[PDB]
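Below, in structure tokens: the form deposited without the partner chain, a single chain.
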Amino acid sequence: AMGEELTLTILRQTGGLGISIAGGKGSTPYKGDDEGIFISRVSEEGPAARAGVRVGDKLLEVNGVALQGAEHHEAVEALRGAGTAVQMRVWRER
């Protein structure tokens, strides 16, 4: 297999999830031509790091909201509106 599909739960903490994202349909890609949404930063002090989110993870879904074909700002909105426990489905390439 080329990668692992993981489901991680991030408990929003002290005002954020502790991630940045890159990519999206019509934005600068994080990888090749892939227009998907990718984790571009994980704050060392933030809850995503502690939950096991990794830079370069491809974000597939956030609390039921699919991000396939999503634009960047749509994904930002999905993360912001995801509530206190944020369940992320990610694809982690080898």
The other form holds:
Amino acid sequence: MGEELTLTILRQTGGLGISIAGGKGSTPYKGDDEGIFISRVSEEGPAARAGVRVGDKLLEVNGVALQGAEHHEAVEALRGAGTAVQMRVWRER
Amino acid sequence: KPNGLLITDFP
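Compare with the form deposited without the partner chain: the form solved in complex with the partner chain:
Now the full complex is given, and it begins with the chain already shown.
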């Protein structure tokens, strides 16, 4: 069980303040799940302020779907994401 | 090709 949330990261002057992990065909971050996950959130950064949490599974970035994605596809999505990053996540309870 | 646990940081 869990919930889906869409968080909006408002970038400031210190970067997004997250790390992402996982992806199809590489070592799973969590169990045998090959999804993209949030593996780090900087405490003082804008992702923390928006409400993103470690362990959130990343479903979309600015509406671009990442279900079944390889790691580099999520990296590319975040690189292109701009000043306000809308991040749809699944948060296991 | 990167292998293992892939983690990419956006500081």
